[PDB]
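Participant: Got chain R sorted already, so can you dock chain D onto it with the hints?
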Amino acid sequence: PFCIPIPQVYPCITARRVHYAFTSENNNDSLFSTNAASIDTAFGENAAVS
Amino acid sequence: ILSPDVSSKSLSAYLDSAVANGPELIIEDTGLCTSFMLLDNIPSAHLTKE
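Residue numbers (the numbering used here), protein chains in the order written: chain R, 849 to 898; chain D, -17 to 32.
Quick caveat, the hints were computed from the structure, so don't treat them as lab data. Be a bit skeptical, because a hint or two may be false.
To be verified - Cβ-to-Cβ under 10 Å is the rule here; a few derived chain R residues that face chain D:
(1) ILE852
(2) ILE854
(3) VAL857
(4) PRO859
Where is the CB? At the ideal position from N, CA and C, for every residue including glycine.
This is chain R alone, in the form it adopts within the complex:
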């Protein structure tokens, strides 16, 4: 198992979270697209479909 915060489209502060396990490597290749139907994101400058 692995946990992901939902695709950032909010004007609001973030709440506290407790995480432990991190990958060695960026395995998010299986990701085709974030929140396709929005104009906008929020946090951690991501990419859209390639």
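Facilitator: What follows is chain D alone, placed relative to chain R:
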């Protein structure tokens, strides 16, 4: 003659298996040539549009 399925496999002279199990090499496909679905894992949580 016919197709290679011998329905009458009832105590036939040719003991055990003599019947010509041929592969049907001809498998037709309408639709779309697909392997992988572009899957919308986490749909978009209700947005307002013009």
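Participant: Give a verdict on every hint.
Facilitator: These are the hints, each one checked on the structure:
1. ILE852: holds, 9 Å
2. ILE854: holds, 8 Å
3. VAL857: holds, 9 Å
4. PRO859: At 14 Å from the nearest chain D Cβ, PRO859(R) fails the 10 Å test, so the hint is violated.
Hint check: a violation occurs at hint 4 only; the rest are consistent with the structure.
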